[PDB]
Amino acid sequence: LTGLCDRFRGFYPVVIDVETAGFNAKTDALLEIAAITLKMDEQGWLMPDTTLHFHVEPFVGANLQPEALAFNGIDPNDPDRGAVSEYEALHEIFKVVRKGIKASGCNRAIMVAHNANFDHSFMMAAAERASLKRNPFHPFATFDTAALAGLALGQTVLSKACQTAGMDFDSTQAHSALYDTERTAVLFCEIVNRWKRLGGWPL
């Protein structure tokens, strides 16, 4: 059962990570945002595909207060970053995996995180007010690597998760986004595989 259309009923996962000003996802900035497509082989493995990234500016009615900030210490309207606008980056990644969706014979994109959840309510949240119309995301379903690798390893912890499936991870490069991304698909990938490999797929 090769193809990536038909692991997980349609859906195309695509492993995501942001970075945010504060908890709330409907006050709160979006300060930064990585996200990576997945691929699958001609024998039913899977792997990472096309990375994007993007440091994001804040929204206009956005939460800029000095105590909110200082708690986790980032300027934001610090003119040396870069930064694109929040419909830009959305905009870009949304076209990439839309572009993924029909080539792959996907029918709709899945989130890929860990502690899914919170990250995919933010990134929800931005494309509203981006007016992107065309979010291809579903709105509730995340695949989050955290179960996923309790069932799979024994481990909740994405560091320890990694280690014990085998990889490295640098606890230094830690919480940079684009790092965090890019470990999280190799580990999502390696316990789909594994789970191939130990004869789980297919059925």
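Numbering follows the first chain given and starts at 1. Think of the rigid core as the biggest set of C-alphas that the two forms share within 1.5 Å after superposition. First, how it differs from the form deposited in another entry.
- With the two forms fitted on their core, the C-alpha shifts between these two forms stay under 2 Å for all of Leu64, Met40, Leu148, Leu52 except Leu64.
- The Cα position of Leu132 differs by less than 2 Å between these two forms after fitting on the rigid core.
- Annotation: Cα of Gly73 displaced by at least 2 Å between these two forms, core superposition.
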Second form
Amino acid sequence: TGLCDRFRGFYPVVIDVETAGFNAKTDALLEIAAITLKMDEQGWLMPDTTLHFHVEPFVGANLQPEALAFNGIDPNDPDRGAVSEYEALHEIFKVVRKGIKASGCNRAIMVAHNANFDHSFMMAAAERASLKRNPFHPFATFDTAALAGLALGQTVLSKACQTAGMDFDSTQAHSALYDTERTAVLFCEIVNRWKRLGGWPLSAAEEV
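Next block: the form deposited in another entry, after the form deposited in one PDB entry:
Shown below: the chain alone.
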């Protein structure tokens, strides 16, 4: 019932980002949140550490007007308390390496909703910041859209959360932190329900 036993050594970290466009290479990263997970002694999955940052657009970044209109972010607001991509990711990576070591995992895997999008932005930013020893798997993810499709028959984040019996506040949907917390709770519910119903561990089906 160890975390390192559950996903062959993968240390799941929930991530979500807000951006200034669809291109991870050319468009600014504006917000990022991260939530590590942990298992109790019974093997139940739950949130561990939570981090969140407003991010300053990198030098040379494009800002698509439509993206800003959609997510309501204004990068030029001096009161938004933004930090550099380096500062945000350096802190996220530090927390993630420590969790990996403490739990005996060997690598982090990003958990996200339509994960590739968030993955590409995080990797692009870590590249720009010249971050060393990125604890994240280069291409593997846990896409909660697919997972929710299987478990709940829904792929839209809000609908999936509702179908899971969770709350979901539309006014907070453009916040990386809010999205990340909802996504983490969803993911945990799905993994936990699977265990509860006797799908994990694999031995359970025959016992009792």
